[PDB]
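Following the hints, position chain n against chain U.
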Amino acid sequence: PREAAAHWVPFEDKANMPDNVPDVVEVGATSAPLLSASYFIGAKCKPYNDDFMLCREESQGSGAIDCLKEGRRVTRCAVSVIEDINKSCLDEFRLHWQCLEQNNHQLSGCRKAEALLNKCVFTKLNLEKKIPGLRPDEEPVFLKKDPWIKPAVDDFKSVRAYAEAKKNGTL
Amino acid sequence: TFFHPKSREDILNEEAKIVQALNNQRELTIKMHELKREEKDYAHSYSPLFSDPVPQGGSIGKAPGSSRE
Numbered sequence: 002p003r004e005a006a007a008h009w010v011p012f013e014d015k016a017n018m019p020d021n022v023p024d025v026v027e028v029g030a031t032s033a034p035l036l037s038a039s040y041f042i043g044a045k046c047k048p049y050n051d052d053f054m055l056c057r058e059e060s061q062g063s064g065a066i067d068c069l070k071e072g073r074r075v076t077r078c079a080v081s082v083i084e085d086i087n088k089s090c091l092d093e094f095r096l097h098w099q100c101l102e103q104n105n106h107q108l109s110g111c112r113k114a115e116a117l118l119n120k121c122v123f124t125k126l127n128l129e130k131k132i133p134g135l136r137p138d139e140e141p142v143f144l145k146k147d148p149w150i151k152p153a154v155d156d157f158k159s160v161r162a163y164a165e166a167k168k169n170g171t172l
Numbered sequence: 052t053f054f055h056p057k058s059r060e061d062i063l064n065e066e067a068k069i070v071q072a073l074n075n076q077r078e079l080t081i082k083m084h085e086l087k088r089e090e091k092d093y094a095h096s097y098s099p100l101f102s103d104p105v106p107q108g109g110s111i112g113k114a115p116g117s118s119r120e
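Here the protein sequences line up with chains U and n, keeping their order.
The first sequence begins at 2 in the deposited numbering and counts up by one.
The second sequence begins at 52 in the deposited numbering and counts up by one.
To be clear, the hints were calculated from the coordinates, so they are not data collected in a lab.
Fair warning: there could be bad hints in the mix.
A few chain n residues that face chain U, going by a derived Cβ cut-off under 7 Å, partial list only [as the list claims (entries may be wrong)]:
no.	residue
1	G112
2	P115
3	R119
The beta carbon of each residue, even a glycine, is placed where N, CA and C say it ideally should be.
So here's chain n without its partners, still in its complex pose:
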């Protein structure tokens, strides 16, 4: 009469919920690992404003024809 354990079904349900949270963490973990290895845009990784990688050099003796795309 003094033994009041939880029901077997409740134990299984609770452990299944815990394992589901654990698998969610495993998936988020693998996800972040993949996303860190993907490559970012030039604006996000180098410069948001002035997002053109192409330089323009010096402007004193600007020679017609020096521009090359």
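Chain U with its partners taken away, still in its complex shape:
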């Protein structure tokens, strides 16, 4: 779909869902927290996302109205994993997504906070971040040490926390 052109007004619809449709909770995180949590959401909810997309394909055009149920499933899985992060690893999650807010949302600028967040989530939620499609020879960039590309300013709080973790031995 194309973006809007010369003159447009945004308009809001005040109707409710039809009551036959089961209600569902909506994901409340914004762009930076969502981008921070994306890899864990994928790792956990991959089967449900795949099922949702397969339903949308097989519906062959009526996807919006035939694929509501596993859409509810997808949103519920996403909300569950975000809640788990909010319960178990909140401080590192905030480090990561505030760092992203500062660095134009480039994951390359938040490797230090991302290491802490990844360790916390692996230990307390058993989710691993992994980049699909790479051969064993190719190395995931977020695991690479001494990258060519570095942020302008290493985030202050993230640097302090990373050095602290290096002392504690958690990282």
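Coordinates of chain n only, in the frame set by chain U:
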């Protein structure tokens, strides 16, 4: 004694053979005319290899559900 025409039966046979060849040509003629107006397969008339008429569009933003048969 000097008149040696061909026999009547031989003349009739030869003309009948000629007319038969002419009718064969008429039938081949009408045949080709009908066959040219019959419709060919997509492979024979458009593309032997890649014989599927159904397109597949662009592949960048491939959206689940855009495929319709």
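Evaluated hints:
no.: 1; hint: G112; result: 10 Å, violated
no.: 2; hint: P115; result: 4 Å, holds
no.: 3; hint: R119; result: 5 Å, holds
Going down the numbered hints, you'll see the structure goes against just number 1.
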